[PDB]
Structure formats: C-alpha cells, structure tokens
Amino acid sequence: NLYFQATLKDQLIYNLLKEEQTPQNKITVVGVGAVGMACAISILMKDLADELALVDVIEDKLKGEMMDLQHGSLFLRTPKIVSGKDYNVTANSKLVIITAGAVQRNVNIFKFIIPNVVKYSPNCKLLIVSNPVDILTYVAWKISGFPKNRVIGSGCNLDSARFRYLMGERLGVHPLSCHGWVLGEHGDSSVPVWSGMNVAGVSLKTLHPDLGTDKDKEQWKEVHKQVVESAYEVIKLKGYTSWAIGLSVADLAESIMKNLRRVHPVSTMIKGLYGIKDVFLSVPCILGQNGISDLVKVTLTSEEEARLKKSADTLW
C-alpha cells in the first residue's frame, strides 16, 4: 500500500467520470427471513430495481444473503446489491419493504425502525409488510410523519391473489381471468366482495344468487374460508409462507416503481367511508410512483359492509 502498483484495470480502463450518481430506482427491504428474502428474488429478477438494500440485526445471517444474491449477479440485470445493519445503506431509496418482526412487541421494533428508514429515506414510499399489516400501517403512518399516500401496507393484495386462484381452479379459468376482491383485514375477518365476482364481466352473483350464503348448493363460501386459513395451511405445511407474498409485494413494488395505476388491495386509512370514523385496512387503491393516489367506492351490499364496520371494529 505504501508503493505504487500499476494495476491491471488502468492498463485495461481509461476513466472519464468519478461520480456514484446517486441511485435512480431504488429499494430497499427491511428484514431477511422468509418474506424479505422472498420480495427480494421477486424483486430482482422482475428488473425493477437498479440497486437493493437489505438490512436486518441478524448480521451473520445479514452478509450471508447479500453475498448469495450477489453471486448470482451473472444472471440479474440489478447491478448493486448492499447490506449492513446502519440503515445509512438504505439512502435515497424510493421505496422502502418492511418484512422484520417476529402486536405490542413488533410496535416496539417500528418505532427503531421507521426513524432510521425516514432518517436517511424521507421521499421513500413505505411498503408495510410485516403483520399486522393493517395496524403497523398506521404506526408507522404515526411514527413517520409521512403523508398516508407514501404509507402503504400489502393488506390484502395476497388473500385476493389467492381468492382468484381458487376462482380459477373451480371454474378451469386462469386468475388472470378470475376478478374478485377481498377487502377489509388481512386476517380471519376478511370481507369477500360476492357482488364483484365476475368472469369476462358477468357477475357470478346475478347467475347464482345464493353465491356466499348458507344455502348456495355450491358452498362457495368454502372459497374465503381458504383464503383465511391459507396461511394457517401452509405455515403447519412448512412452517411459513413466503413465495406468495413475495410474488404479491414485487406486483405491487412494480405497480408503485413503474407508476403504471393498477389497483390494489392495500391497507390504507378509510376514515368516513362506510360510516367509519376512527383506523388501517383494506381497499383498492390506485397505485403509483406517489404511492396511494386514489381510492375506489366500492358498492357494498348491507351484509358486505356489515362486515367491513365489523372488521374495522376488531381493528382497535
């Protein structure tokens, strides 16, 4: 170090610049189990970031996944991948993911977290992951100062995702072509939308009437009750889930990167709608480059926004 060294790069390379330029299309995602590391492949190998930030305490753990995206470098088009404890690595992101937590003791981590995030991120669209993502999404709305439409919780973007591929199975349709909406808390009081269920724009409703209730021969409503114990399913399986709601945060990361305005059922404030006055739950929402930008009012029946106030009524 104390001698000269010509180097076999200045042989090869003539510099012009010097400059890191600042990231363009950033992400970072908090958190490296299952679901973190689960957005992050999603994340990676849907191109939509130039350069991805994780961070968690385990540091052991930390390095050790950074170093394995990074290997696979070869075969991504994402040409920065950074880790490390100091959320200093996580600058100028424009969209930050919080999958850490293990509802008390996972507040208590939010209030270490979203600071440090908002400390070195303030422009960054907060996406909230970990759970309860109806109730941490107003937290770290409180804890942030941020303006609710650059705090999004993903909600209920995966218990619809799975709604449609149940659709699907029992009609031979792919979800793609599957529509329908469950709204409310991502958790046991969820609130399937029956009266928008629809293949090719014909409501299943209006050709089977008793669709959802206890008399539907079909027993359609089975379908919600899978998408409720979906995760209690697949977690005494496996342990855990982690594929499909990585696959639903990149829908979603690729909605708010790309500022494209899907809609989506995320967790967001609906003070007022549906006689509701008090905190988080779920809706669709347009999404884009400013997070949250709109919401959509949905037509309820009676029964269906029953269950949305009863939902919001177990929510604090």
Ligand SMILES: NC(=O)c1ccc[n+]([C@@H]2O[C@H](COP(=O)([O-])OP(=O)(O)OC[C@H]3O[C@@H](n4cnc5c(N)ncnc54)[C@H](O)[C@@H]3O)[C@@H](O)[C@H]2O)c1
Contents of the next structure:
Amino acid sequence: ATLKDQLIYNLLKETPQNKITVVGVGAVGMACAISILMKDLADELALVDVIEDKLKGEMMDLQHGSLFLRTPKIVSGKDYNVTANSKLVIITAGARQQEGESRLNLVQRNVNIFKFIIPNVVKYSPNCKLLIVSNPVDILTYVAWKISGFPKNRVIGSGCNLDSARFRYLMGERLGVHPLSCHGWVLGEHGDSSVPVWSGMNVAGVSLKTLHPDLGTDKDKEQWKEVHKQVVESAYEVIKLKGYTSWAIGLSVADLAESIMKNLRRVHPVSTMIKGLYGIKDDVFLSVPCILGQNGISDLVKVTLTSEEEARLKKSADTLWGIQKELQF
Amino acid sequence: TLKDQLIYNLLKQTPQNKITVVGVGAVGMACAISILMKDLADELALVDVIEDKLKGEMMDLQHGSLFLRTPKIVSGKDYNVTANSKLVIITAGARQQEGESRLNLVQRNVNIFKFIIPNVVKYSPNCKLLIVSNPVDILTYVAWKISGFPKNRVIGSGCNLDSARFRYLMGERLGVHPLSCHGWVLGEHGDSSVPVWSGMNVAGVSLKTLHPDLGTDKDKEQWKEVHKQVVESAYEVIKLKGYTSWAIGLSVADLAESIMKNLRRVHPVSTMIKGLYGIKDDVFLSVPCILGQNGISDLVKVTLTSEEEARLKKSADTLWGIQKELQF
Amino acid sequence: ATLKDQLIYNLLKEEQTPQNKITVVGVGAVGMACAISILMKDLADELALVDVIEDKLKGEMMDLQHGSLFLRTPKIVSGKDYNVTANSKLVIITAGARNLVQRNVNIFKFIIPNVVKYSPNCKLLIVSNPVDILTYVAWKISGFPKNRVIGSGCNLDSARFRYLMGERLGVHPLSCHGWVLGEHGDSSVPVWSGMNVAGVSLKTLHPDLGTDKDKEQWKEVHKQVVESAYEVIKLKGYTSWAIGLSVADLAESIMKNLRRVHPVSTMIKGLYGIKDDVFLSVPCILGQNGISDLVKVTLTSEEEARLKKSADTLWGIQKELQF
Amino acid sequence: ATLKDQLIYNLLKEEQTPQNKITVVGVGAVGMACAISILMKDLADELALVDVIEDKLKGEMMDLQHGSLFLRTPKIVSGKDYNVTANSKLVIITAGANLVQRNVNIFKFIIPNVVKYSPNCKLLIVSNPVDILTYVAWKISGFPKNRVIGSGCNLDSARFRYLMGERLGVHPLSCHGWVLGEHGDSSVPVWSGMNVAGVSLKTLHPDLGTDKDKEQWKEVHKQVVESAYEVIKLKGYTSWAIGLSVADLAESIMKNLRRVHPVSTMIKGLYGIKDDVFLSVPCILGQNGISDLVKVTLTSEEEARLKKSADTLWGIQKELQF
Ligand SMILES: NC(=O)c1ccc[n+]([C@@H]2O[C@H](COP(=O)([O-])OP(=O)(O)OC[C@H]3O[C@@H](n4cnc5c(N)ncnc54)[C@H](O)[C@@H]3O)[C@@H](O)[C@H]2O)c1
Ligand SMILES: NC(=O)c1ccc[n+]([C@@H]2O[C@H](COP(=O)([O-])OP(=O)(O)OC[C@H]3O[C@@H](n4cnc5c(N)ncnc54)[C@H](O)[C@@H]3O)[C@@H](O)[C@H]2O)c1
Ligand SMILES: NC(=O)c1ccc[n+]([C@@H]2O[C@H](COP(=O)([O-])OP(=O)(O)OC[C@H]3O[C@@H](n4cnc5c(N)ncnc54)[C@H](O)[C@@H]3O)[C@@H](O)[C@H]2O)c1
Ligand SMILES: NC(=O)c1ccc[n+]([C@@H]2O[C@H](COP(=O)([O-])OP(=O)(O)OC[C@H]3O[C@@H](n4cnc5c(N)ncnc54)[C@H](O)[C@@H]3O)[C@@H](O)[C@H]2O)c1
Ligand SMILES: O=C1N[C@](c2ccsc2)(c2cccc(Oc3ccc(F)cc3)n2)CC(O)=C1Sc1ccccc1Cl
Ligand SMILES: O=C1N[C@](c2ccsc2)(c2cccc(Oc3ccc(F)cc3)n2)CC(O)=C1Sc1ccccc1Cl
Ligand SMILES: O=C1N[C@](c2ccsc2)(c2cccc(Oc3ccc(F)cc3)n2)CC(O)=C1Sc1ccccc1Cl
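Any chance you could show the form deposited with this ligand bound after that form deposited without this ligand?
Full complex below, order starting with the chain above.
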C-alpha cells in the first residue's frame, strides 16, 4: 500500500461552505485576494482570468503561502466550473484603457467583457451575491444587474467605499485622529462626480458643519472643500506615481466581503439601485449608505441632502442613464 | 482653527514597534501588506531609490488606514525616516529573469547593500536585520560584514519559504493541512537546498520509518520529486507571472511575528553556521533557529544522515565559493 | 411612524437561516470560556447558549451581547428550549455538574435528542467528563455517523504536555511536538517516539526518554500533566481558560475545514486490537465533516497494552448502559 | 550534557526587558475577563497578574499558561510581590473589596507598588466608583493626568450602541452615540451626537431623548442603567462586556491608534468645573495615554447633569484621607 494508506485510515468518502470567487487577477483582483485570505473570510478561493499563464502563476504563489493561511483550498481556471457554489463573486475584470480613447469607449469594451462573465458566473453560482469593482463601477453594477437577472439586493457596486475611505484618511491626517474615529460620507457617483455630505462629518458626534457653518463652501477660510478635492487628486496622483491603485481598493473590498460573509449588517457607502430616491426615475445605481449582510443590501439609510447635494446626485443619474440607454447588450 | 475648536491638546514619544521595509518592489510591498494585516508594527517606514513608486506605494497603503491598525505609514529616500526601527527588512535588489540563477545577482546586489546597510545601521543601531534580497544566504553574510552587528541580529529569510512550499506539496499528497505536515528543507535557499527525509512526519509518525525508500531513487512513489518541485517552484512561478511575491510576503511576516512578539519559535532561516557539520568558514545558510526579540538566540542541532550531511556541506561549499570572492 | 422607519428604508423582507452557527450547551466555567474564545476567533455568525439555570443563562447571554461592539458575531441567543439552537453547524457539550458518569449519561439522555432534533446535520463536540464514555453516549443517542461525534479527549493533555516541553527547552509550545493519546486524564499515554523539535526525535537523541533510568526524568513531564490538572482544581476550584482555548482551536478546524491533525477522541474499533465500540484519542484530521481521517500511530507493546486496558475498562462501563 | 544542550546550541546569554508588557491587578471576574481578551487580541508579549489571594492567583496563571499553544503571548507571570510587574507599558487595576474608603485603602497599597516597578506605565482604572478611584490613582501615583485613565463611560457607551443597534437592525459598529459624564446611574446620553451614517437622529426626530417622545428613546439610556442591574441580578456580576471594552482601550494604547474613546479624565476647566474631578469625555488614546480631548458642545440640560456629577464627586473626594 501507499505511504498515505500506511499512515492514514480513511473514514469518509465525499460542497464548499464559504466560497469566494475573484474574477480578474490584475492588480485590483490580487489585492482583493490577499486581503480576503488574510482576513479568513473564505474556506475556498477561486480565481478566474483570460490570461492563463498569469492566472496559474498567481494561484501557485498564493498556494505556496498556505502554511501561513487558514483557507485550505485555492483554485483557478479560465473555465467557470472552478467558481461553482460561490457565496460571493467579486468582479475586478476590465479592459486596459487605450491612449487617447474616450471613457464611453471603455464603458462598452467592459460591457462586452461583462456579457461573457456575468452569464458564466450566474450559471455556476445562481444564488451568489455579485460585488462589482470594475470601472465605471456605477454603470457596470447596472450592467451586472441587467445581464444576471438577479434581484437588486444581490448586485452590489464597490461605489463610494474607497472615496469615503480616502476622505476619512485625509480628515484623520488634518485632525490628528485615527480614520476609524473620523466620520464622513462621500455619496453618489464613484470618482470625479462624488458628493461629500458635509452635514454628516463629525468626530465623537460633534458636527464639523455646526462648529464651522462655512464647512465645504468657498466662504471657508480653512478650505475644507479641498479635503474632497484631495480625494479626487489622490486617485490621479497614485496612478501618476505607481500606474494603478491596488492596496487601498483591495482592503476596502475585503471589508465589504467581511460584512456579507459574516452577515454583520454594518452600514457601507456602496452602489445600489436608487430609482425612486432624490427624484431619480431611471434604472441607475449610485452610492448611498447600505446595510450589508448575507443577502447583500437588505436596507438603505435615507440621507437628508441639501438642494445642491440632491441636484448633484440627479445630474449624475441623468449622465449615467445617458450612457446606459445607448449601450449594446 | 476648526481643529482647535474641536480638540483640546493635553501633551506636546519615540516609536515602540517600528518596522522598516527597504525596497518597494513586488516583494517589499507583499511584505508590507502582510505585516500590516498581522498588526506587527505601530509604525511602518518605506525606503526606495525610485521617488514616484515610493510615494505612490506609501499613499496607496495610507488610503487603506481605515481598515488597518498601524497608525503611522511613512516613506523617504533619506534613512532619517527609518530611525529607531526594531526590525529592518531588506527586499531591495535585482531579481531573477526567467531561468536565471539567484547567484547571478550577487555582484549588483552586493553594491546595493554597500549603500543600504551603513545607512540603516546609522539610524537604527540596535535593530534586527531581516534579509530577503537574493542570493539571500550570501546577502545575509554581506549585511553581517558591512553592519558589524553580532550574528544573532542578522537574519536571512532563507529556507523558510522552501520549507513552506515543501509542507504544501506534502499536504496536497496526504490530504492534510500543511500546518500538520512536518518537514525541513535546509542549507541554501535555492538549487542546492537539502530535504531532511528523517524528520518528515505527521503527528510524530516518521514517514521514513513507515517507508524506508523515502527520498531515495528506489522509491516507487518518488518522494524525491517533492523536493525537485520545491527547487523548481520559483522558476515555474517566474515563468508564469514574472516574479514571486505573495508566498515570500507571507513567510517574512511569519518571521517578523516571531521577532516582534518574541515567540521563540523554530524557523528554517539564513545563519552563521561556522562550527556545525564540519564547516570552518563564515558561511550563512538555513538551519532551524529559535527566533525572538534578539533575533537568533539559539540553533537546533539537527542530526543528519551521512547523505543528508553530505548534501548540506555541498550547499555550504557552493555558497562559500561565491562569498570568498567579495571585496568590502 | 418609527425613527427606524424614518431613518431606514427596507428593501428585503424575509431574513434567512444562519450560515455558521455554533451552540454551547452548559454555561458553566468551561462553557463560557469556550464561548468567549469562539467569539474572539470569529468562528461563528450566530452563537446559541443553552442551560437549565435560566437566570444565569440570560445573564451570561446579556453580558456577551453587551460586548457586541468589540465582536464580529452579530447574533447571540439563549434559552432553556432547544429551538434557539436550530441549524447549528457545531454543538459543544460542556453540560452537567463538574464517579459522575451516571448523572451525566442521564442529562445526555435529555440534551442529545434535543440537540439532534434542531440541528440534524451538526457535528457534536463533547467536553463533559468522563469525555471518552460521554462521546460514546452522544454517538449512541444521536445515531450520527462516527465522523460527526468528536470528543475533546487528549487535546488538553497534549496542549499541557507541549507547554511543559516548551518551558524545559526554552522553545514556544508551537515548535514543541508531542502526542498524549488514548484515555483522557489519569490513564493518558505519552507517545515518547513522536516527541520532537524541528523533526529531531528526542528519543533518538536520548534513548532513556520516558524511562526510569532517565537521569533527566522526562517521564515526570507526563506526571506533571496529571499533577497540573489536580493543582489547578486545588488552587482555583476548576479549569476554564486552557480548555476553552483548546475547544476554540478544534472549532476552528471544523468551521474552516482546515484538515489539521488533533488528538481527539474517536471510535477506535479495529485499531490496536480493540474490537469494542470505544472512543479513545488518536490524531484525527478535522474538517467540515468532523473526523474524516485518522493517523495510524505506531505504538510500542506497552503503549498498545495501555490503550487496550483503557478500552476494556470503558467498554465495561458502556456495556451496562441503556438507551 | 543535558538533552537541551545536546539539541540546542546557545548563541546569547543575556535575556532582558519586556517590550510590550501588560499587568492586570485583581484576578476576579473582571480582571480575568480583561486578561483573556488581551491574550486573544495579541496586545502583549508578556502578561503579569497580581492579587492578594495567592492560591487563586497561581491557579489563574497556570490555567492561562496551559493555553500557551493557542496564544501568541510567550510569557505569563504572577505573584503577590510587584516584582512580576516590572517595566509594564500598561497596568490595569480591577482590584476591589460608601465602598470608596475601603477601595481607597486598597489603592494606597497598590498604586505605590505599581509606580515603583513601572514608573513610565499608563494606569487604566476599572475598580468602582471608577471616576473617584481614577482621581485617587492620579493623586497617589503623582503621574501626569495623560497617564491616568479611567474605564469610565466606555461600557455605558458600548451598551447604548448595542441597544441602539437592536432597535434599528444595524450592527453596533455603525450605530454612533456617546454616553458621557459619571459612569453608572448618573451617566449623560448625548442625544445631539446620535447618528447612523452621519444622519442625526435628533434632527430627524426633534423629540429624541425628551419626555415628549412617543417612541421613548430616553428609555434606551434608562435600559443601559437597567441592564447593569439586570446582569448583576441574573448572574451576580458582569465580566465579558467589561473585559472586552478594556481590551479595546488597551489596543488603542498599545498600538498608539489615536482612536477616540469615552474614558474618565481630569476635566477641570470644562463645563464650569473648577475642582480636580475625573469624568468621561471623548479622548484621543495612544502610547502616552490621553494626549487630546474632544470638546463636546452640550445642551443646558446635559451640561447641568455633568456639573452636578462633578460637584457630588468633589464632595466625596474632599472627605477622603490618603
Ligand atoms: N471601484 C474602485 O474604486 C476601483 C479602484 C481601482 C481600480 N478599479 C477598477 O478595477 C478594474 C481593474 O483594475 P486593474 O488595475 O486590476 O486592471 P488590470 O488591467 O491590471 O487587470 C484586469 C484584469 O482583468 C482581466 N480580464 C480582462 N478580460 C477578462 C475576462 N473576459 N474575464 C476575466 N478576466 C478578464 C485582465 O486579463 C486583467 O488581468 C478596472 O476597471 C479599474 O478601473 C476600481
Ligand atoms: N525566498 C526569498 O528570499 C525571495 C523570494 C522572492 C524574491 N526574492 C528577492 O527579493 C528581491 C526583490 O524582488 P522584487 O520582485 O521585489 O524586485 P523589484 O524589481 O520588483 O523591486 C526591487 C526594488 O529594489 C529597489 N532598489 C534597488 N536599489 C535600491 C536601493 N539602493 N535602495 C533601496 N531600494 C532599491 C528597486 O528600486 C525596486 O523597487 C530580489 O532580490 C529577489 O530575488 C527573494
Ligand atoms: N475534557 C476536558 O479536558 C475537560 C476539562 C475541564 C472540565 N471538563 C468538564 O466539563 C464539564 C463542565 O465543567 P464546568 O466547570 O463548566 O462545570 P459547571 O458546574 O461550572 O457548569 C456546568 C453547567 O452545566 C449545566 N447543566 C447541568 N445540567 C444541564 C442540562 N440538563 N442541560 C444544560 N445544562 C446543564 C449546569 O447548570 C452548569 O451551568 C465537566 O464535566 C468537566 O469535568 C472537561
Ligand atoms: N464599567 C466598569 O468600570 C466596571 C464594570 C464591572 C465591574 N467593575 C468593577 O471592577 C471591580 C472588580 O470586579 P470583580 O467582579 O472582578 O470583583 P471580584 O470581587 O470578583 O474580584 C476582585 C479582586 O480584587 C482582589 N483584591 C482585593 N484587594 C486587593 C489588593 N490589595 N491587591 C490586589 N488585588 C486585590 C480580590 O482578591 C479579588 O480577586 C469592582 O470594583 C467592580 O465594581 C467596573
Ligand atoms: O483610485 C482609483 N484609480 C483609478 C484607476 C486605477 C487604475 S487606472 C485608473 C482612477 C484614478 C483616477 C481617475 C480615474 O478615472 C477613471 C474613471 C473611470 C474609468 F472607467 C477610468 C478612469 N480612475 C480607478 C478609480 O476609480 C479610482 S478611485 C477614484 C477615481 C477618481 C476620483 C476619485 C476616486 Cl476615489
Ligand atoms: O483540568 C482538568 N480538570 C478537571 C476538573 C474540572 C472541573 S473539576 C475537575 C479534573 C482535574 C483532575 C481530575 C479530574 O478527574 C477526571 C475525571 C474524569 C476523567 F475522564 C478525567 C479526569 N478532573 C477535569 C479534567 O478532565 C481536566 S484535564 C486532566 C485531568 C486529569 C489528568 C490529566 C488531565 Cl489533562
Ligand atoms: O455592569 C456593571 N456592573 C456593576 C457591578 C459589577 C460587579 S457587582 C456590580 C454594577 C451594576 C449595577 C449597579 C452598580 O452599582 C455600583 C455599585 C458600587 C459602585 F462603586 C459603583 C456602581 N454596579 C459595576 C458597574 O459599574 C457596571 S456598568 C454600569 C452600572 C450601572 C449603570 C450603568 C452601567 Cl454601564
């Protein structure tokens, strides 16, 4: 008999219980993978990409670290059979933006990628929650929702989670306080058009807007509006300096994955179907504070916005619908 | 100011558990993320020669602060940023191209070390040095010679990764988690590494006793192939993704953990093995070491078979050959 | 209107089934140490507590709930009725007052049918003493396959042994390997042949290891394991922290399907000349289906005889039990 | 030669100073809950335990030591002699016997013994009445106010957030609310700062925390007080919730996180308080203890409860001999 048979007596012959799939093993996908592995959120990790060499190499590199991890099974493949029975599927797959090329071009190029991915994911994990990271995240969340046929609670966009995370870091740096104790919400459209909700900004329940009524206005001597401007600046700066962003997004995604996998019911700024709110009548996804758990977005926090903040959200929803109506599905 | 209206200042201290990472490439950054997610430091310093990459990497880590428990992340080309580090991790250096040997990088990484090591020692004279840059065994010796530090404070990542990979492969063959599969890969980190077949066990049950052909050419199960798979492992990963990062990042954080927490765990790491196995030269290679707050305080004297001791001295002879032809 | 309705807009109605639920039966010193350790290791999305003393039970549940801000287990429940334990992945039995096998078999006769009724697919983790007999009792009453009925067995004995080994060598217990097998407690067997640091056999280096002609008296380390148990009980009246931690470690392998090897009590019929339905500790592979595999340890004639003697004793008691 | 010498080659002799040492004084239900929580959060490289009951102390130490295989704290020590506490970064006082003079007398022995072995430590006071006993520890130690911290309203605040969470169907982490002033019966819920995702509950419901409230949110604070008495009535004491809240404070101190916590501090100069009185306000907590304070703007009613508490505490404090 084999050494295995000489050493081990088998009792049982024969599904993963807390499986997570990462689609796209680029810099974002891999940072999501390592963060999830170090937070023990899954009993099985699946990786999918179209570049087979890179995919196998990334899987092997992770597997070689098994001794230091508590995720006993790490798999990869171009075939979505490796994703079967995932509780959560994270989409970080995307086309590399060409020089000159417009952003509407990239939208459709990523829609074409999504037209192949989403049916393959839903076929192997029909009851999964979809977590969209790929840009433009608000449009691609809508695309994922339309293709999948899933109820809106199971289609989550990373949205303004990173924007809010960056805002809190910058707030923290200005005040000499840990970002955990600095509260502030960046809502609406992820990226350039995001809305800092000045009314909600506080340390220990002390409203910064109450203490300083000029907060977030051009009338502000301290120019706190620059803290939101810097959120936008930092994204461009990181890309200019290292060519991409990975660690910050990976960490923010693992945080969302934690609330879903552990059914924590924490409130996060994530992209959801906001039709019926703030005068929005189109099928658009934008970030609002959402209760996140085992069934995805179960609830949403109704944030009271100023006329300016509400108009900004409306304008973003009109822009997103404009792109969404002209997409080829 | 709004800061003064909101916060009243009471006090107008040195970092207590500071770690520096030198070299922010794929290895350095994987070491950084692994250390950050294991809460090993109250302060993380990053050093590199590439300005842009350094600032970008620091900023990317800082933007994830909300999800971390390391309140201070700093970077700079000037080593004043590294002052009073408990542990300095060196990952700076030229890496293998597809198929290239680690010994081929020695000359240019030794020059890189001639600049780094004096700068690190100047700002952290009492730190422990953790060397990752390849060839790791020779570069650990180089760091030891340049620094003038006692041998206990100069640690090379060594065969820690080789042993982790071996245990993973053992685990996959037996259907057991690597944590429960015990086996030691010693000597040089690389082509001349030694799998110690005598110490391979699950729950104290010797695999060599149960299968006397273990690690021999007479083996029908070809267990010797598990070690070949360990030797080839970096070459295969380099061929597929162009470098290795995750596995080494994880193994370094494991060593950082034993040092920062003074655990006194036994790890296969690069060390001054003069006086052991008939070695009379200042050779650095992997043996099981007790790792704590003062680095390597103790060494485990592994009993090697005639053939296993042979293979280890072959590894030591190779490394000394390269080591001896070096001007400081 | 409610402030909840003014603040929160509901999207989903029906709240689903718990995915990673753990139940602790008996909220004594052992049960509560098991509970806090599992909570601080984030092994469960829901924790259920059961006891017969209703006031203590509610107080313990409330004390844990008040620490929620510092935890990642969003639901903590308790009750005398086993409906609170429904759909548990793992049920830990620490129930009964801390000779006493007959009163403990009788409470198991009430507890086990109640646990299996609400969680038919759970793994059973038995801690209550005599753990080896009570694991057999749980197996018989539940009707579960042997893989889903685990006794804490020699896990604590082995942990204590490794601690003492570590202290003697100046090495962390994690790097000190040694297995204490068979019957939990006084009759446990230290397997001297498997004792090592970095794969270096202590018995090979010192052939007198675990013998009376040993000048270093390493046999005393096992003697100290037994002595320490009595000492802790003499000094504080019970043991809680060490058993709590060891149980959370078992819970981790099970919940995370790690397939790590642990010294736990299992049905060892067919091994070491044992022909009866007896549960004794051997190294077991632990995962989502409980004990899927067992490590066949090579024992000396003396070590094998000690297990056979323990098996004859345990079967003697077991034979006379009525279910 | 010994098996240890045959197996291990020693490189270093000198084995010195613990880098991240924590001491727990009083191994009762509170002390032991603090100990296990700190051990499971890997906050220390060394744990020291002190008590007057020698048998219980050794038994508790041994029970923790037997769990070493599952921990990352390589050294657990105990003793009646404070030599075991030398060079602690943090010293947690949970020792205890109206009741104030009995505890003051216990503190007159403890605090000098702690300060001589760990002159640079931060003192974390849990023993009740925590606000008076934090003042007592500060007076006896002679330490600057930044290094003398009372657990204060940390537990009150945590309980409040738990109850808020249960009412809203939201995790306590996402439910924000501050309970300040005097720990216990006289604690002040700051209704203005209560929010979920920056949405002020008082703005949405102006009747929040008043008797005019049809939803009776004032009852959530009443329930915080009710729950403390209930837990004591049901199990005889509280341990897990306090051990966890202390471990959270220990984390921000040991890791220099600079997180904001409701803890007891010397509040002379604030809210018209002119006496040396300790009570809870949101404090920035790090490696030097309380480095900063958040100046919370309070209503007339909230400020009145806090000043009233300060007058009462000073009344007791002036009538104490030490
Ligand atoms: N939401 C956020 O805050 C945030 C932040 C940073 C980046 N991003 C986005 O995440 C995406 C990925 O970023 P990146 O840096 O990792 O890009 P990347 O180019 O490095 O990686 C993308 C990966 O997607 C893969 N891919 C392409 N087509 C695929 C397909 N049909 N199936 C599976 N995989 C496929 C590629 O092969 C590649 O490996 C981008 O769209 C980016 O804009 C979002
Ligand atoms: N098991 C192991 O020990 C192990 C495993 C994998 C890789 N490695 C080694 O780690 C090293 C780094 O690998 P990599 O993939 O990160 O290479 P990399 O090219 O991605 O990064 C190397 C970094 O070193 C920096 N650097 C060069 N000179 C420097 C200087 N004088 N000061 C500071 N920084 C300087 C570079 O600028 C670069 O950022 C290599 O030597 C590699 O072989 C070791
Ligand atoms: N296997 C080991 O290594 C190990 C180590 C230590 C203790 N133990 C055992 O664990 C058990 C418990 O220890 P303890 O110190 O917590 O005892 P304990 O007396 O403090 O607590 C026992 C609890 O069981 C409860 N109980 C009694 N009947 C019950 C019933 N029908 N249903 C539910 N609960 C019931 C009691 O009310 C009590 O709360 C003992 O049998 C003890 O010997 C085992
Ligand atoms: N939110 C809070 O601040 C909070 C919550 C709960 C309890 N507490 C307080 O914590 C304290 C302890 O609670 P407990 O349940 O553990 O009490 P306990 O009676 O169980 O334990 C107290 C311990 O203090 C020890 N002790 C007495 N004198 C001592 C001395 N001179 N030196 C060292 N140790 C000594 C006792 O021996 C005993 O072990 C009480 O004052 C209690 O009110 C505070
Ligand atoms: O950090 C980030 N790096 C990004 C990136 C990552 C790899 S290439 C580009 C990045 C950065 C700057 C503009 C930018 O513009 C876009 C927007 C959509 C699109 F399809 C392509 C580029 N994208 C993607 C992204 O969304 C973020 S977050 C961010 C972006 C802008 C403002 C504020 C925030 Cl918080
Ligand atoms: O640490 C412990 N405290 C105990 C206890 C718990 C509450 S009151 C008594 C304790 C101690 C001594 C004998 C004792 O009696 C028994 C009874 C039945 C039985 F199967 C084993 C021991 N029980 C329970 C227990 O099993 C342990 S572990 C242990 C016990 C004896 C020797 C070695 C070890 Cl490792
Ligand atoms: O949970 C708790 N259990 C307590 C206890 C602990 C062991 S015996 C009594 C507890 C509870 C109720 C009143 C009570 O009264 C006292 C008695 C003596 C004294 F010096 C201070 C307070 N003590 C101590 C304590 O401070 C808390 S927290 C708390 C207490 C009251 C209201 C609100 C909160 Cl958050």
